[PDB]
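Trainee: Each chain, written out:
There are 2 protein chains.
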Amino acid sequence: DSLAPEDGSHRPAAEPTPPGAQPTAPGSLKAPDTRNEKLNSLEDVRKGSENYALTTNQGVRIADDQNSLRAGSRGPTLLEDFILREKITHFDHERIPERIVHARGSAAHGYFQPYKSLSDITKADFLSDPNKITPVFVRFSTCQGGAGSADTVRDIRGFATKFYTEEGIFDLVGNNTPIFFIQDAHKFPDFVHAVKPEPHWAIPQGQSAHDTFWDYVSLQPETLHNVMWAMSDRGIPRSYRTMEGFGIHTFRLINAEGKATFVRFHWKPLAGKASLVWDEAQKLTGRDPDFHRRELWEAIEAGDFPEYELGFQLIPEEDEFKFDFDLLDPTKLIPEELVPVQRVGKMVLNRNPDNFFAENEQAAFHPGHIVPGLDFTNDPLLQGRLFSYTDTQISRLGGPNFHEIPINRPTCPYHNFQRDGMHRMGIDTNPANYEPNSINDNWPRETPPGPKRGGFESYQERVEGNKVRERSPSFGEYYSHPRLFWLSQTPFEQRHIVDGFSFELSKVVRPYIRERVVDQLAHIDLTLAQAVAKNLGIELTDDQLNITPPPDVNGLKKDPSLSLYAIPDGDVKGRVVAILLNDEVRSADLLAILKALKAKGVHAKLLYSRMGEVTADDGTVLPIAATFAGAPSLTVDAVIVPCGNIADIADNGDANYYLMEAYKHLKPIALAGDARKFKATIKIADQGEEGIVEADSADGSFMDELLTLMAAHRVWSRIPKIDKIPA
Amino acid sequence: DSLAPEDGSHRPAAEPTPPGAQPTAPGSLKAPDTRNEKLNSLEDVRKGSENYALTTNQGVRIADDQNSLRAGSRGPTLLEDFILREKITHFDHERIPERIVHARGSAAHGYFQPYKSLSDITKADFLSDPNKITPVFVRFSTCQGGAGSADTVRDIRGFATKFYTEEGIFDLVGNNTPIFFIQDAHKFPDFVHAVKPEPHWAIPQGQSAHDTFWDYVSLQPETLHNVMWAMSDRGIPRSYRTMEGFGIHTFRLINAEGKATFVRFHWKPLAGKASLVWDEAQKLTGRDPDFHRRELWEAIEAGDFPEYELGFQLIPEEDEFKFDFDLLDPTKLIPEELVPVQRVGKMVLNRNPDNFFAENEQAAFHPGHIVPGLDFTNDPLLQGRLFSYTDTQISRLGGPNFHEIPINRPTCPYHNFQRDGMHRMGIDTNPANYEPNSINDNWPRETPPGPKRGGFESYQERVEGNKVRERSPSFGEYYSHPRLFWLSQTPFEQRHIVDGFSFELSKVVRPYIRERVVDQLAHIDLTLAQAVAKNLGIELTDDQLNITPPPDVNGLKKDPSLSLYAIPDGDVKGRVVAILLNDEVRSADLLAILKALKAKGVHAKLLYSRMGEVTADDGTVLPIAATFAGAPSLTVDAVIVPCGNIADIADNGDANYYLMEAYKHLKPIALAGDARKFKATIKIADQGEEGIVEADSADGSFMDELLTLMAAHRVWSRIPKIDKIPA
Ligand code: HEM
Ligand code: HEM
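Quick mapping for you: the protein sequence lines, in order, are chains A and D.
Going by the deposited numbering, the letters in the first sequence line up with residues 27 to 753, in that order.
Going by the deposited numbering, the letters in the second sequence line up with residues 27 to 753, in that order.
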């Protein structure tokens with residue numbers, strides 16, 4: 027045949043295009059000129075296709091790939107069909123075990139560069155010079171669900187970064203909240219068992235809203251801090267581009283003089299912090315369970331590269347015990363009001379992978395993979411993680427040679443006396459496979475530690491204690507950080523936390539677990555406890571009403587850096603606006619709308635009651651991106667309704683529903699000319715309302731008003747009004 | 027210790043209870059007295075818990091399961107902590123590869139029994155006596171998505187049954203539609219690759235609504251038949267209890283005299299056929315991705331055992347060539363108007379598993395597992411399946427001894443000379459591991475074929491032809507079955523098919539693919555092609571308008587057994603009704619409502635604006651099951667609103683939205699007394715309308731009317747009215 031069309035419409039343009047303009051494709055075909063040392067080094071295993079003959083894996087050309095070999099055209103298939111058997115066998119063996127946690131994830135390639143040399147505090151080569159660029163590979167993920175679960179669940183998110191440094195791979199394997207649920211790695215199977223689907227029936231997926239999770243939390247108050255972050259809007263990010271990242275544990279930075287400095291790692295999203303609202307997130311898991319995966323991929327194809335600032339909280343070794351919390355306790359955060367985040371460098375994700383399985387699914391990150399200039403601490407959760415990644419990757423990725431899988435390979439040299447193992451790629455020519463050896467003059471050889479290019483030596487921390495299985499008494503405080511978090515949130519963020527706990531505990535079948543969680547909230551803050559209790563039909567006791575609130579954290583009664591929205595940081599580039607078309611669109615409005623959006627890097631999606639095209643007043647042919655039902659308001663940041671023949675869409679139920687949903691979800695809406703007739707559906711004032719942009723036409727200040735609302739993300743003042751709308 | 031409450035509310039009652047009344051639990055604890063030979067034979071591997079000490083896997087009691095061993099309570103974790111290392115190691119290795127296809131599935135144990143001896147047509151032991159009971163294990167599944175994807179997607183469903191017979195395991199591995207998409211097994215990797223998530227970015231999950239699927243369909247017209255079924259409401263079943271099951275392929279039955287009879291296998295749902303509507307199914311993927319799994323599990327815990335009647339379509343050997351279609355072509359169905367389904371037996375699923383992973387995830391089904399009395403045919407899709415299941419299970423389940431994993435083990439004797447392999451459990455004492463042998467007097471020994479308890483011998487079919495990779499010319503007809511299916515559907519079923527095609531093609535980014543699909547629909551039926559074209563903004567050509575319709579199927583212009591709903595078969599037992607409460611419910615209404623529902627085996631869920639309890643007018647304390655938002659109308663089959671203080675929920679946006687959503691999804695709604703004020707929300711006439719039950723109180727005829735509507739499943743007459751509602 028064949029039938030790719032004559033117009034060449036099958037193939038997407040190899041240039042940045044806005045979401046939905048062209049079919050997506052493998053990164054190296056979408057952006058062939060985007061390169062980095064790692065992307066180039068993968069060239070040996072990239073496999074093309076065009077102009078090549080179809081063959082078996084042994085290189086034999088196939089003549090007929092449509093039929094098995096049989097004795098007669100209606101006869102039995104013959105065992106000698108080696109073509110069919112290789113093809114079916116490889117298909118039969120396609121799947122590998124998904125990760126134990128973080129199985130649902132989306133990744134991209136990029137690069138990192140420090141703003142200045144950090145040689146006074148660390149000898150890490152990748153932070154030693156502002157013009158030294160280090161390729162990275164980043165994988166973002168949910169945490170509980172399987173690899174086929176949905177993106178916009180309520181859950182913690184993983185944020186893992188593989189740095190291909192000149193002195194080794196450093197993996198920074200963090201999450202989107204600055205603490206973890208538990209204190210010691212020994213409890214990790216217990217916690218993860220409690221949050222994952224229950225064992226009898228394997229329900230629920232991607233949800234902590236079930237009895238065993240809340241049983242565990244209620245019995246293990248150390249979890250309450252991260253639970254508070256998960257119940258807030260932090261648990262439902264708008265995009266991986268708009269959430270923070272944290273390494274959680276205190277690590278060490280080691281300089282050339284041997285000085286150790288404690289450090290906690292942060293990633294700041296340069297697109298700003300932004301989250302969905304629960305009803306929107308939950309409905310989006312049904313409308314588009316691949317929303318975050320798609321959003322990341324389309325941002326990079328559009329040139330809206332995710333950018334993050336690496337930042338360090340630095341504490342001198344002499345200040346280890348100066349806080350009212352233990353620095354080694356992963357359930358405690360270090361307030362930025364106490365220890366500021368120093369900016370360190372920028373990370374840009376600018377290329378999607380070519381093959382998700384080969385590059386994303388087989389990537390292996392490990393917090394153990396550190397480099398000279400970095401070291402660990404005794405945090406008891408970090409200590410046990412050091413054992414687990416290595417162990418799980420051998421079974422997940424089939425053997426001990428997972429570092430030879432292309433995405434995992436260092437770009438710098440690697441030489442040692444390790445040999446064999448399943449799927450061994452490297453063919454070693456060294457005469458010796460042991461050291462010391464004389465037969466190869468002891469090569470490859472050990473290298474002493476030094477200021478640069480030196481071997482790894484651990485910091486010589488003094489260890490003094492008996493061999494004990496004991497929690498440090500300093501870790502036995504569970505309510506002051508949850509309280510600090512609570513008081514740092516805005517009133518509307520506090521309401522959403524309450525709503526999250528209420529919704530989750532309403533799904534817990536055993537009422538006494540609900541009551542025990544409420545009792546724990548009474549140890550954090552009474553207003554919080556009472557608001558959740560009222561939603562659960564629970565009444566606090568007199569004793570509960572008199573629980574003394576936990577102490578402030580080093581005199582802090584709040585830290586605004588813990589809130590998503592108290593300090594504006596809203597950027598609109600990369601956001602999307604739905605434009606609800608009609609069959610006689612006033613092109614003056616459309617011109618003005620698209621020009622204003624284009625100027626700020628905001629994308630548009632043209633919607634209608636059907637697919638195809640509609641023609642504007644002026645004759646302009648407009649292509650329809652999707653239908654009102656086909657691409658609901660859940661997927662956009664704002665909605666504009668231009669003037670024209672509004673009767674065409676005024677009696678359309680889907681069109682009205684579109685605005686009711688967007689209104690409920692606090693998204694800015696802009697109506698021009700006769701589009702103002704839609705105000706009745708969303709029942710608000712004859713004279714108007716903050717959050718609803720309206721004018722006779724879409725001109726000068728109309729688009730400016732709409733853009734200012736989008737920079738603020740959502741219209742929080744509309745909260746009290748949304749409860750009367752049936753949406 | 028003592029974390030369980032002293033009223034014993036942590037533990038669910040060991041007796042049938044309605045959905046939501048008690049926490050769910052492992053089958054053997056929930057129904058200890060429900061037994062069968064297979065369930066009894068698994069007792070040797072069932073492990074309890076209560077009153078035992080916590081140990082390592084080697085039997086060593088653990089003292090402190092809260093902490094790792096470290097040097098000092100704030101020191102480093104020590105390598106010698108063997109307890110931590112075993113616990114983390116086992117956790118790190120929990121996952122196994124998911125099934126290549128049908129990775130999402132839900133299973134239960136039950137039993138089968140034939141109505142009468144079928145010895146005249148088959149010597150299969152399990153079909154030989156009405157008193158012979160055969161334990162079964164059934165796994166239902168979706169087909170495209172991973173194990174963590176959602177249940178109510180649009181997709182084919184798998185229906186696999188493992189019969190533990192006295193002469194061997196027979197697995198009947200079928201789907202919920204009577205044909206498959208492709209003709210020859212060589213194309214299975216191509217088709218599956220096309221429907222699964224696209225390889226560069228691994229989107230979309232659980233959906234065929236993407237370009238590669240429709241590209242393949244457009245290029246391979248053999249797919250159109252199953253595609254028609256998938257786009258119909260067949261692709262979105264209400265529950266696994268309410269869908270049909272088919273083996274698809276023509277197999278053979280072989281009696282004791284050696285006569286072969288062609289057979290196609292059917293499962294009829296005794297609960298009747300019933301599906302969701304697309305908007306409901308897609309929203310239910312977000313609100314409860316585990317809806318079918320949960321529904322199956324809770325039906326069994328309630329005593330609403332899923333029941334299916336096994337039926338055979340039987341064709342004499344000499345009638346092989348008497349149809350317009352080839353009996354070996356799996357893209358063609360055998361119309362029940364031509365060859366009736368003979369009732370054969372009943373299957374009842376009456377016990378859930380104890381551990382989903384151990385029993386469901388490791389279950390292994392193979393269509394090649396047949397028993398004497400059955401045989402295969404040359405259907406080329408079935409022939410290639412024979413090779414694939416064995417192959418894939420060794421990698422999925424770790425080795426060649428997967429038949430020793432408890433759920434997969436036969437209940438009958440198994441003895442042979444096979445030895446070793448990974449994870450070997452059986453310790454063979456036979457002196458010989460080969461035959462022929464004299465050292466063990468040749469045991470175990472082969473057995474001749476015979477009427478009962480004999481060895482397997484294949485039916486001696488004549489084979490005549492050259493070795494060729496060639497499709498039979500008899501399979502080259504692709505549009506008459508699609509058209510037969512189309513014409514057999516009700517008008518509302520036809521609209522739902524049109525809507526499915528239009529929705530899915532609107533998600534295809536390359537417009538030419540949409541056009542190619544429409545052209546293939548114009549070879550099936552012009553009305554169908556025009557309606558889908560209109561929704562895509564596509565205009566058929568004059569040549570497309572003149573394509574002659576394909577021929578009838580052996581004189582048939584329709585067959586009502588292909589419709590879900592043209593012949594009523596509606597059962598209400600097991601269905602559920604939402605009851606929207608208010609703070610002063612009129613208990614006369616509630617007593618009448620609940621007793622009427624209870625008499626027909628219909629469940630109820632009492633909803634309110636919060637959790638806890640509400641008090642009825644006469645002091646009756648009413649326990650709240652869930653909130654309006656917490657348990658949406660998506661999860662119920664009907665909604666009743668009793669009288670009382672309606673002002674309490676009349677202003678509630680969620681309560682109104684609950685009715686608008688239920689109304690739009692065609693569910694019966696019943697309003698009593700003051701609850702009739704809600705009619706304005708759903709814009710129903712003053713006089714009333716069919717599908718809305720209304721009266722002054724919930725008495726005599728009110729509940730009979732509502733139950734009548736529930737037996738008809740949905741209110742199809744309301745279809746024209748739902749478009750004006752913004753829901
Ligand atoms: C501060 C606490 C933790 C953080 C921030 C964290 C973060 C993550 C992330 C982001 C991933 C996915 C990396 C990817 O995208 O492939 C991951 C995977 C994993 N984590 Fe951790 N995790 C933490 C605690 C733990 C603990 C305590 C253990 C066990 C002792 C653990 C065991 C695992 C395992 C087994 C995997 C799968 C790795 C693989 O298959 O390649 N995690 N974790
Ligand atoms: C009439 C056509 C087909 C039907 C009705 C069918 C049905 C099913 C069902 C219901 C399952 C899941 C069983 C379970 O619940 O574990 C399954 C699995 C599977 N199917 Fe088939 N299938 C068909 C065609 C094919 C073909 C043509 C092939 C390959 C040549 C194939 C390969 C597989 C594989 C590899 C699995 C996974 C088995 C395992 O891991 O245990 N299927 N199929």
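Take these hints with a grain of salt, some might be off.
The list treats identical chains as interchangeable, and a pair is accepted whether it falls inside one copy or across any two copies.
As the list claims (entries may be wrong) - BS3-like, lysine-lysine: derived pairs with alpha carbons at most 25 Å apart: (1) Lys631 - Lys560; (2) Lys158 - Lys583; (3) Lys584 - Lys631; (4) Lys583 - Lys621; (5) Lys599 - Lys372; (6) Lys750 - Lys631; (7) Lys599 - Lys584; (8) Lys493 - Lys478; (9) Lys533 - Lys584; (10) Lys621 - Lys750; (11) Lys294 - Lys142; (12) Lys631 - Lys478; (13) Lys533 - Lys709; (14) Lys709 - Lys285; (15) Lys348 - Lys584; (16) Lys747 - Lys372; (17) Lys750 - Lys709; (18) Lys73 - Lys709; (19) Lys621 - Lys285; (20) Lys750 - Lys703; (21) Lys747 - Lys158; (22) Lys705 - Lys750; (23) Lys747 - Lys705.
Calculated directly from the structure, the hints in this document are not laboratory data.
Trainee: State for each hint whether it applies.
Mentor: Hints and how they fare:
1. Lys631 - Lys560: Classified as between: cross-chain Cα gap 21 Å, same-chain 42 Å, threshold 25 Å.
2. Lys158 - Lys583: Cα proximity of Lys158 and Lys583: none, with 41 Å in one copy and 74 Å across.
3. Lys584 - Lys631: neither (40 Å within a copy, 43 Å between copies)
4. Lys583 - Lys621: neither (46 Å within a copy, 56 Å between copies)
5. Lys599 - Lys372: within (18 Å within a copy, 61 Å between copies)
6. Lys750 - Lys631: between (29 Å within a copy, 24 Å between copies)
7. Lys599 - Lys584: neither (31 Å within a copy, 56 Å between copies)
8. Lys493 - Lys478: neither (36 Å within a copy, 68 Å between copies)
9. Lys533 - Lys584: neither (31 Å within a copy, 47 Å between copies)
10. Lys621 - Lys750: Classified as neither; 36 Å inside a copy, 34 Å across copies.
11. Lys294 - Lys142: within (17 Å within a copy, 72 Å between copies)
12. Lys631 - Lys478: This pair counts as neither: shortest intra-copy Cα distance 52 Å, inter-copy 68 Å.
13. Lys533 - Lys709: neither (32 Å within a copy, 32 Å between copies)
14. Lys709 - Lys285: Result: close neither inside a copy nor across copies, 65 Å intra and 75 Å inter.
15. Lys348 - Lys584: Within. Shortest intra-copy distance 19 Å satisfies the 25 Å Cα cut-off; inter-copy 83 Å does not.
16. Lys747 - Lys372: neither (41 Å within a copy, 56 Å between copies)
17. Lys750 - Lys709: both (9 Å within a copy, 17 Å between copies)
18. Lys73 - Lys709: Neither, since 57 Å and 60 Å both go past 25 Å.
19. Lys621 - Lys285: neither (55 Å within a copy, 78 Å between copies)
20. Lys750 - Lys703: both (19 Å within a copy, 16 Å between copies)
21. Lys747 - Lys158: neither (53 Å within a copy, 66 Å between copies)
22. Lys705 - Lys750: both (14 Å within a copy, 17 Å between copies)
23. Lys747 - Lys705: both (14 Å within a copy, 23 Å between copies)
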